[PDB]
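In structure tokens, one chain follows: the form deposited without the ligand.
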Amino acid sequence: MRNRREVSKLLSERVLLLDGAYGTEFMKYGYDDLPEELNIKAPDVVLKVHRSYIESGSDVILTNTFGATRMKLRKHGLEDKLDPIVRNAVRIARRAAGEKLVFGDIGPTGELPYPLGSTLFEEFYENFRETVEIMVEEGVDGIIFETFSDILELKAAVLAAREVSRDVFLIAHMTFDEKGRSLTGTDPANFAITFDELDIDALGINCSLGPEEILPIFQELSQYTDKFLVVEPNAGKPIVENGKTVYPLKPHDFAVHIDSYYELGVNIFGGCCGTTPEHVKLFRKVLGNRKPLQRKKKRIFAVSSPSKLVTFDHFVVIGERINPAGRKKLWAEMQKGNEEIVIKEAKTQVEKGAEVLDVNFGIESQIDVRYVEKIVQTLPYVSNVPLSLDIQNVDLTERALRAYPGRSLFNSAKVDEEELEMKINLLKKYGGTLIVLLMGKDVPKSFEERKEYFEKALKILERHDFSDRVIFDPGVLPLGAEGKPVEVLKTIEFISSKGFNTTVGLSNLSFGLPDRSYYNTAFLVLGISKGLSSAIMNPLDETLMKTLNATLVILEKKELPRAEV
């Protein structure tokens, strides 16, 4: 009953105020039932608390639906009460809301994504789709995913929501500990980078930390995103007055941070665990009828994993081993569905220095589609490093981009009008970066030719505003096929001059000749000197790795291992 343009037009005009805890407010009225159940067993309390806040000055209240999802309600055997639980909630809230805003509040299922758990991107996606549909029907003024602790789950949630409506105002939230990490690893910047390019309207933090510890965390985020920001700290560092649970921070020692958050560009302020209508009554005062600030997001090219954020601000070793396309061995297994052999090759390369893993599925037509989706999701957790998805088929590309936990590096996309625009789209929808391989109908042979391809891809890239999301691959040829590698170098330089990142299929140079390791090492050094910022290579080639490291030290792009005597 209110689109996202409206809701933004408002947020741009003035900083909004949210509400505090509800569970603890139900506790005060003797109700200890699952808060989401009081929508059926005692709508009065629910209506009361919503009022306690709207009076304290809240401009937006969250529907009493945090645990309102199939997967969660199921743990408390309520899978069947889901429909009315939510509908009442929106209605109960809509009541106290009055003229204010009502946001559907959706919390995390509380299940870990496989392997840390046993849930696949699909189960999550479908889980959140169901509820987000109930709410959108009921006319919520937006939807907010609070306290999420895993980019994969939160990714499913946002995609599901957005699949339901392209007009409802969306808000994604993650919760970090004091170390600045999520449950599975995402730090503020990762989260920020990974989720900014998704069709959500705002990002934010809530719970786990008081207004104090949350301040810097909120800043890291505010720096890597231009979307609206929301924050809802706890009520100070948790303690136990009777061994139970008590939040110290008073309405004054709390409401005094509003200033600090205001300057970091916040748009919506509220409170989590320990916050009461009292606090909000002050927030209303300390805050006032202000107007939001600006900050300009610091641009940065990086891919991510649930736990690691790789920035192309140094040489990025892209592991090449997981490639059944070229290994008749690994392909035989992976086709059979072996997940172990793949998780192993993954772990090995990371140990040796690979910061990103390139994964390809060999003969795409004969590979179990559900296996791809399971591996695509799995690796990032058992390897800790991002993945360079080496798919070719458009259909596999999508089934894979969806399930990938984070911001991926998508391998391949020739400079073909169609393929490009088709790949750009998939990425704009699921997020990610693109490896544009300088070659069209057929392979270019000269530095001149490659430049025409580059020049062309640029036109297409700008045309779709996606030039800030690409790494260029000049295309390497085997020496024993008249490669003329000096032409690829002239290209690496040319692109690196224009301001782009570059990678090469290093092992392409020597296929078909002995002492492959030498030509590779040689080429890499030469390549790096010309600008090459990354290279799908074999981290297991020790000499290549060492010579590489040496090269970087020499070039002042990394530093000393400790001089002796």
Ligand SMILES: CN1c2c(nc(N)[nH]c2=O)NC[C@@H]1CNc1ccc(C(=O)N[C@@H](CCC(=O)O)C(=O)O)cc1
Given for the second form:
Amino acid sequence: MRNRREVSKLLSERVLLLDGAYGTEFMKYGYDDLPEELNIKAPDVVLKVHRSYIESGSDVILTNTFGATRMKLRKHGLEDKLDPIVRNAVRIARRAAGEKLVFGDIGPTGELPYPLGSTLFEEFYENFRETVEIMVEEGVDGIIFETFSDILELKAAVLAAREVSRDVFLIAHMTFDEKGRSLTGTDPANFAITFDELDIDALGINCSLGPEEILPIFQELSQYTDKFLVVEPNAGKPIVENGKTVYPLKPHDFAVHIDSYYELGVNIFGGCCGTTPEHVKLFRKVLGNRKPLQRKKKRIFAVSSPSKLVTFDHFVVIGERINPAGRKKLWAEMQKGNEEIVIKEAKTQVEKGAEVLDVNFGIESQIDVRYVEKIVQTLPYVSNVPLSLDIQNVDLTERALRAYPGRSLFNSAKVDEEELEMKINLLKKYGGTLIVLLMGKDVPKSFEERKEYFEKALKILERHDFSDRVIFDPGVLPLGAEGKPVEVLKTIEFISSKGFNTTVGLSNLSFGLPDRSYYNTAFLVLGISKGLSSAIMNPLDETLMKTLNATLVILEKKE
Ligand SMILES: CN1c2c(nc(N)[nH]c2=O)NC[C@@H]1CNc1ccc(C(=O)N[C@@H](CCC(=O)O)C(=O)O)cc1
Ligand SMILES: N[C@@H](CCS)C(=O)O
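Now show me the form deposited with the ligand bound, since the one above was the form deposited without the ligand.
Expanding to the full complex; the earlier chain stays at the top.
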């Protein structure tokens, strides 16, 4: 009925009240069946629960479709009822809602992404796409992905939804434990930074914890996004009384927290498991009519994996090793679709100090795109760290960005209008940061020429509103080919002075020469002294890594 611009307008004018729990309510009516089944078996019960919230003052109610996706329904022998379950649910909610908003509610599948589970990004995507299709056809005022525990699964859900409709208001939620971490390790800042740049309309948190515990987690989230915010705490932490589980937080003790969420910029407030019509009735009285607060957001340059957020506020070691060039064993295995060998190189580099891993597949026309898609999804989970996607083919780049679990660093766009625009557009759609290589047709041979490319890059970047998502690579050329490293050091110092992060493919300096390690170490020390913020380098080089540590200690960047 209403599109995202209209819902956004309404939210900009007033904080809305969502509804309470459905799963924890159906039992009080004598129905302990799977919630989604009632949409067909006892639609009357679903209608009653929705009306109890509308009659309690809710401005928005959720469809009874939390577990209504093929992958989840298949687990209860209901996959073939997906269509009626979802169409009925929406209709029932629409009848109860009248003029109020109805959001299509979609929860996770219960299946972990490969390699923890067996599911690839593409299957999650199709799964969510089908449910969203039905909801959009039936006329929802928005889609909310509730209770997500993994960022890759949630990214597939939001991308599938946006692909079905560019006009539906989309809300993404993750649920966090007491330590402020989702199941696969994502903290609130990581969730915010990763998802703030995707085309969603709002971010939020629901379930797992009560209103008191969610407060600092919601605060962290609010500081890193300017999108609309939603929260639905459980009515206190669940405790056992007589074999069963109960949510003990009463209306008043729950309601008293509304003001504190209002202060942190909340736009929609509701409750999850344990919340009843009685809680909602009180929330309505306490919330009243309020205009949401403003906040903007903290700006940070960071990349992520499900469990790690790497901020560029210290020297970042980017492992160069997953790169087949000049590596017989590795290159052979890549063509054979060998995963564990790349996993071994990933883990070893991280053990040695790499905080991000560059990933390159050599002659891409010789590699299975399915293998790329699998490696990109896998390394962040098993190696734990973010990736620098060193990919040339633009179509292959889109595949890798789509399935990347977090916010990646995309390894380079040269300063060429067409290439940059093409890469900037893929990043805008799938999220991520970009390494911009300071060269074009030819390779610059001086500082002045590199500076010209820098300034041209800034022009093109300012034009596509992308100046805050790049790292500059001056372009290190072989010493044994008149690379003139001195001109690169000048360039690093100049870009650093301008406030931008920098990086270099360090080992290039010494290829062709003997004692590579010493030239590499010497250059890195000099570069770091000029402001170099990262480097694609060999973390397995003990001399290089030890001297790097000594360098950082000496310069007061650590001890
Ligand atoms: C040009 N480099 C580069 C980049 N990315 C950016 N942004 N900038 C760059 O300069 N990606 C690729 C490469 C950095 N990675 C690497 C990885 C391995 C070796 C290397 O020395 N490989 C072989 C030796 C090859 C030879 O002898 O010529 C090895 O296994 O030692 C060099 C650079
Ligand atoms: N909207 C769902 C949330 C389950 S975590 C329900 O209320 O059942």
